[PDB]
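A.B. asks: Generate the whole structure from the sequences, applying the supplied hints.
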Amino acid sequence: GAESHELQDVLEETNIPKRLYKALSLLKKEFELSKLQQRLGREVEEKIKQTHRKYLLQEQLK
Amino acid sequence: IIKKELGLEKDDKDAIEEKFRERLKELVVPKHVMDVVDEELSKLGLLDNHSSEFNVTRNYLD
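So the sequences go chain by chain: A and F. Heads up: the first sequence at position 20 corresponds to 359 in the deposited numbering, and the numbers run straight through without jumps. Heads up: the second sequence at position 47 corresponds to 448 in the deposited numbering, and the numbers run straight through without jumps.
Keep in mind that the hints were calculated from the coordinates and are not lab data. The beta-carbon is built from N, C-alpha and C at its ideal position, and this holds for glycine as well. There could be a bad hint or two in this list.
[Said to hold, decoys possible] Pairwise CB distance ranges (calculated):
| no. | chain 1 | residue 1 | chain 2 | residue 2 | range |
| --- | --- | --- | --- | --- | --- |
| 1 | A | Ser373 | F | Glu406 | 29 to 35 Å |
| 2 | F | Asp436 | A | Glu398 | 24 to 30 Å |
| 3 | F | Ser453 | A | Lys357 | 30 to 36 Å |
| 4 | A | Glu371 | F | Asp415 | 40 to 46 Å |
| 5 | F | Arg422 | A | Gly380 | 40 to 46 Å |
| 6 | F | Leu428 | A | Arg392 | 44 to 50 Å |
C.D. replies: Dropping the structure here:
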């Protein structure tokens, strides 16, 4: 999911090792972005479920 | 069984219920405020803690 500028920079690379290493770096960057999004989400669902559980515990107390 | 982590209890609402109760203990105080505070505390406990109206209730109780 990297920006088109990254693709242009990869194309500009001539040596095969350079292009492959830059592609690997872009893969790692996309992996990091996806993992950050997944972590932020997962914690958000965890805490919203904990809020619904707060209400559930209030009902149990009632 | 009520005794748990009770994140709701961790939000000072116990300091609105028990701490204020003990503060009121040493107060030779009439019954009108007794019923008023009991009703307000029941409303506070029956509901959540975070929202702004609960901050208003907390300041009023303080």
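A.B. asks: Each hint should be assessed against the structure and marked as holding or not.
C.D. replies: Right, here's what the structure says about each hint:
| no. | hint | verdict |
| --- | --- | --- |
| 1 | A:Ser373 x F:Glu406: 29 to 35 Å | holds (32 Å) |
| 2 | F:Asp436 x A:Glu398: 24 to 30 Å | holds (25 Å) |
| 3 | F:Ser453 x A:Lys357: 30 to 36 Å | violated (56 Å) |
| 4 | A:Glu371 x F:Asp415: 40 to 46 Å | holds (41 Å) |
| 5 | F:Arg422 x A:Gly380: 40 to 46 Å | holds (41 Å) |
| 6 | F:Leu428 x A:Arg392: 44 to 50 Å | violated (36 Å) |
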